[PDB]
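Novice: Since the structure of chain A is provided, determine the placement of chain C with the ligands on it from the hints.
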Amino acid sequence: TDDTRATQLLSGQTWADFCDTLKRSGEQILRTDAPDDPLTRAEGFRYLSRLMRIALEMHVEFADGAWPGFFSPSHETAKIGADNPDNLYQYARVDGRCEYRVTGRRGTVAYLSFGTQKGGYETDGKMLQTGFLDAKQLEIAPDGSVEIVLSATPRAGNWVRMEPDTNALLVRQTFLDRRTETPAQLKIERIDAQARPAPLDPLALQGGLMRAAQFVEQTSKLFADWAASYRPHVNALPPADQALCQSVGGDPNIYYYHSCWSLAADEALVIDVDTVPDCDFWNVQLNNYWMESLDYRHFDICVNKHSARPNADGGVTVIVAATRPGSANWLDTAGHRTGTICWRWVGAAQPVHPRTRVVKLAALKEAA
Amino acid sequence: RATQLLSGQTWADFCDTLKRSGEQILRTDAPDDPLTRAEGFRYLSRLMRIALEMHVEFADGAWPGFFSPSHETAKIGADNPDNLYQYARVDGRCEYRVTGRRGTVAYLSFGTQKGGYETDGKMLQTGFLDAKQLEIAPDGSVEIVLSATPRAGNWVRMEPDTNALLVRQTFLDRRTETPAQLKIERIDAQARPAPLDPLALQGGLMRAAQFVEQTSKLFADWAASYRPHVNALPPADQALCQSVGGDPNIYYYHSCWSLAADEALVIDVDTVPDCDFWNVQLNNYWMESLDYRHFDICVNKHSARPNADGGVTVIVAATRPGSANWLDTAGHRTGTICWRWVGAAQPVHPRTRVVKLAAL
Ligand code: NA
Ligand code: NA
Ligand code: NA
Numbered sequence: 002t003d004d005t006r007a008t009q010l011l012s013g014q015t016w017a018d019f020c021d022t023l024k025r026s027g028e029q030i031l032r033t034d035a036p037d038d039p040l041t042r043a044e045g046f047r048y049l050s051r052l053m054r055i056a057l058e059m060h061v062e063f064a065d066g067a068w069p070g071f072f073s074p075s076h077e078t079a080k081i082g083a084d085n086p087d088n089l090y091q092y093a094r095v096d097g098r099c100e101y102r103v104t105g106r107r108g109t110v111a112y113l114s115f116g117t118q119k120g121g122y123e124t125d126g127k128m129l130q131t132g133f134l135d136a137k138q139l140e141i142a143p144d145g146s147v148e149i150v151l152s153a154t155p156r157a158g159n160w161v162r163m164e165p166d167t168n169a170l171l172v173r174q175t176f177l178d179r180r181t182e183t184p185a186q187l188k189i190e191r192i193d194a195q196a197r198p199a200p201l202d203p204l205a206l207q208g209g210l211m212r213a214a215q216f217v218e219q220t221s222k223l224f225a226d227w228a229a230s231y232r233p234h235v236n237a238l239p240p241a242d243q244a245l246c247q248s249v250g251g252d253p254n255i256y257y258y259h260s261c262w263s264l265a266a267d268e269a270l271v272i273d274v275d276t277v278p279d280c281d282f283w284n285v286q287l288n289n290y291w292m293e294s295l296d297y298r299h300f301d302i303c304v305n306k307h308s309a310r311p312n313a314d315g316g317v318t319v320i321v322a323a324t325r326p327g328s329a330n331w332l333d334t335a336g337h338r339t340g341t342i343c344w345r346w347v348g349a350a351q352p353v354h355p356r357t358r359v360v361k362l363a364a365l366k367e368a369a
Numbered sequence: 006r007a008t009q010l011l012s013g014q015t016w017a018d019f020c021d022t023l024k025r026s027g028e029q030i031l032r033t034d035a036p037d038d039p040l041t042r043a044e045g046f047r048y049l050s051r052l053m054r055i056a057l058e059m060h061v062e063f064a065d066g067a068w069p070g071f072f073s074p075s076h077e078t079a080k081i082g083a084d085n086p087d088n089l090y091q092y093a094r095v096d097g098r099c100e101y102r103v104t105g106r107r108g109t110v111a112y113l114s115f116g117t118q119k120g121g122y123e124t125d126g127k128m129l130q131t132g133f134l135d136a137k138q139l140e141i142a143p144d145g146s147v148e149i150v151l152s153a154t155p156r157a158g159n160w161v162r163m164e165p166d167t168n169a170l171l172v173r174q175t176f177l178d179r180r181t182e183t184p185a186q187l188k189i190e191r192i193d194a195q196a197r198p199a200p201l202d203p204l205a206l207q208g209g210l211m212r213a214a215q216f217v218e219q220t221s222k223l224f225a226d227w228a229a230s231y232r233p234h235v236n237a238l239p240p241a242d243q244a245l246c247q248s249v250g251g252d253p254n255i256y257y258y259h260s261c262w263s264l265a266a267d268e269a270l271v272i273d274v275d276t277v278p279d280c281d282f283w284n285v286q287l288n289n290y291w292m293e294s295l296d297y298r299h300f301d302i303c304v305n306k307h308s309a310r311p312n313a314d315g316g317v318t319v320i321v322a323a324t325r326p327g328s329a330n331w332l333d334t335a336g337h338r339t340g341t342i343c344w345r346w347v348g349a350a351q352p353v354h355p356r357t358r359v360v361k362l363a364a365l
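So the protein sequences, as listed, match chains A and C.
Here the first sequence is numbered in the deposited numbering, starting from 2 and rising by one per residue.
Here the second sequence is numbered in the deposited numbering, starting from 6 and rising by one per residue.
Next comes chain A alone, as it looks inside the complex:
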């Protein structure tokens, strides 16, 4: 009951259960179907602590549907599910039975999308989408401001649909080049003026802590299941199950490729697309086994439409290796013997499927 849940919180039982669920999440790192090289293993436990931090903002600090606020569910030091390094992610908990206004300045970032989601990794292992809005339907006011309404009730203007079970808004700002693009500056509020928040309720905290702990276990399990499923096509980059990518919170404009890779120090993975389709954005990123992008603050581990130089015939080649071969487009393996990799077409009517092959890195340096 609710009485027991509140009693367990006040007594410290919930805190014990919270920490023990965190502890049990270590088994997702120790799984025998995951690589056990020291780097991957060490990064896996850091990954768990990173999921923790995200989980607590998600389910404890920014979980009041009467008082929504944005936080970042993936960024430079906390990462989930092939986090797009070219994205500013913003997430707010909402209540699908209420109505919300998202306001602020549009900025100059060219790609901007708004998804409402329900469930959650901690609940159903999913982030099923309930509504969506991007530039195709967005109306920008003359003054450069943004006015967006989230509601289960149809509204005029920039309306993003919710269902009663909707519980999150996930914003993607996708940068061609963060140095020259300005992010949209968005705030979220409840439409009807809210009285000051009530004091922290033991029952609500009991639920937030357990959801946070279960988020760590389920999210790590979810994407570890994905990474292990890629082993049969290691070092290739086949198209992903698109409906599955959407069901875990993907953006419906995006066509995904996910795989795992494995390279010795003297090997390189050569990725080729013969043509580049008409699209709004594309990129490819290198990840560790836990599907965290590698550390793009310090390594070149993502190449996109803005930074990838095409070949003479219009194709694009991208090389995964320990050092750059000549002036080719390059993904730095950054000390990793193995990891995962993600390619995105955004807004492509006809995706073009990359081919891959493994060669000796010396063969590319001599030839280039």
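All the pointers check out, no bait thrown in.
Some, not all, of what chain C presents toward chain A, calculated at C-beta under 8 Å:
no.	residue
1	13
2	31
3	42
4	44
5	201
Chain A regions said to be covered by chain C (calculated; three or more residues, Cβ under 8 Å):
no.	region
6	197-208
7	334-344
Counterexamples of contact, computed for chain C against chain A with all Cβ distances above 10 Å:
no.	residue
8	102
9	136
10	185
11	233
12	234
13	267
By construction, these hints were calculated from the structure, which means they are not laboratory data.
Backbone N, C-alpha and C define an ideal beta-carbon position, used for all residues, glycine too.
Specialist: Just chain C with the ligands now, with coordinates in the frame of chain A:
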């Protein structure tokens, strides 16, 4: 080789140390009202978020970066709501440049510290520089050098044992003062960072866990020590406040408070001493400021309305008392309170009295 980490033992010990920290909330010398109790467990989770940034994510002295060690949703040791705090891990054997825009915020201080709560329960200071001595370039930019080797210009001292830089930007008026925009880098830059070292993560996770346990224990020890003078506001032991990472320009008062719904705490200073800044804030028992995003729980030199004789009155109460300066108890029956004189040659000691809210 990091045997404990690679096997999962460190992760288990990390979680089990976190679990035992719940005893700092359940201590019988701490209040057991449900609000204080529930906030205590959220507080532990907030401490863990700070601890992981401090000891896991931003703990490489070769690749320093600022993060916030107290903000709107994670708070330590009577966090000043009028502060923008920034913290970076550094290595006292190396040299660092802090650059960026000075902005117009009048109070800006830089402290270098050693040890840490997770280690000795302390944050002893090793160097200090504030805005009064700083030299700003023509383009409004500022350059500050941290080093154990004496330097000309804007030099902040370090010792070999120095491991942290703590920046305070203290705002009189956030509407008219602009924050400094600062970044930190190591001067003798080397090759791109190495991949994660399992040994360093092994140490970082255990320090993060011990940070949660020692930090909550430390300030719960402080809060319980105030019980003999509940609802008074005596001067604190200043050297003790400095030893846990205080700013040496600051004279602190710490206490606990306890009020029924129909009671108010009336605080008075007969005069306001000449100073650069002063404020008073209302906290919960865990010495987190109350939620100033939605409640008026801090009054400072710029926003306090004075009395006619130049003195100031501040009232802690559940409902607004007339037009007096007000600290909102925000549903709390008990908590802690902190008063600051910053840069006052002669502190003036507030007096307190408990009255029925009807009298105001
Ligand atoms: Na992703
Ligand atoms: Na403080
Ligand atoms: Na602040």
